[PDB]
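Missing here: one protein chain of the complex. Every other protein chain is in place.
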Amino acid sequence: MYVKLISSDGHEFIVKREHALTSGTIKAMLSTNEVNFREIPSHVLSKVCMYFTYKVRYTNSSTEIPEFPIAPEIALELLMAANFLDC
Amino acid sequence: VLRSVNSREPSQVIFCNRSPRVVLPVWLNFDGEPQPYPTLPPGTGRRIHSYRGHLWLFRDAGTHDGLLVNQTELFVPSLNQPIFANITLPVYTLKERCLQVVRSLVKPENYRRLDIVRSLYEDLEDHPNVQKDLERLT
Partner (left out) sequence: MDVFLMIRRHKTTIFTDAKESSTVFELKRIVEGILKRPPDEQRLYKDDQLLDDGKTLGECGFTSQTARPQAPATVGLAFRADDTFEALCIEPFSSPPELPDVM
């Protein structure tokens, strides 16, 4: 049902297993139920989890899709995480 | 290969910008050449005269990021009264969304000064382009 994604600084993110499988890298890391991310800090991983919910909600939807927001200060690190996770 | 059909059959259309971007409507001419049309500010609409079998695509006017029209890439006006062209943001991948944000903040000359992997510098320089999207598209 749920999986645990742990950031470099020890924050634990509990997300729906299906939402987390949106990432091919995560699927591979799972096949606990727990994945440790040595290079992904919590301010980046929290945004990755928001992306999963956003993607699962807005994919194959006729509703007006809002912009996914990214603060400039997080952009570089989030790009590195998205690249690794194939998100 | 991807071109408008010279039907000469008028078709009134409403370009409806349901996105937060400035929209660039692009008509594919009889030779398949992309032809830009006047831009649409966010949230606005335009009643335009087009023709049956004509091909349109929509891009962000400033960055050329691809947009959706009636949930697909291409819009073909059909038989009428006016046809609605509902322009929206796609659900971009997280990586593409990050590339868009980084491109909006960093001058292309300065991409090589960012502390990232070489492969990401190449992804940053590989800007969205209508020509690349058209070829192909097969």
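For clarity, chains are labelled A and B in written order, and residue numbers in each chain start from 1.
Note that in this section contacts are C-beta pairs under 8 Å (C-beta built on N, C-alpha and C of every residue); 3 or more make two chains touch, one makes a residue touch a chain.
Note on the undisplayed chain: of the listed residues A:9, A:18, A:34 or A:64, the one touching it is A:9.
The set of chain B residues touching the chain not shown comprises 105-107, 110, 113-115.
The missing chain lies against chain A, touching residues 1-2, 7-16, 19, 41-43, 46, 49-54, 56-58, 66, 68-69, 71-77.
Here, only the chains that are shown with their structure count from here on.
Note on chain placement: the centre of chain A and the centre of chain B lie 27 Å apart, centres being C-alpha means. Within the complex formed with chain B, the chain A residues making contact are 48, 51, 54-55, 58-59, 62, 64-68, 70, 72, 75-76, 78-80, 82-83, 85-87.
Across the complex, chain B meets chain A through its residues 18-20, 71, 88-95, 97-99, 101-102, 105, 114-117, 119-120, 123.
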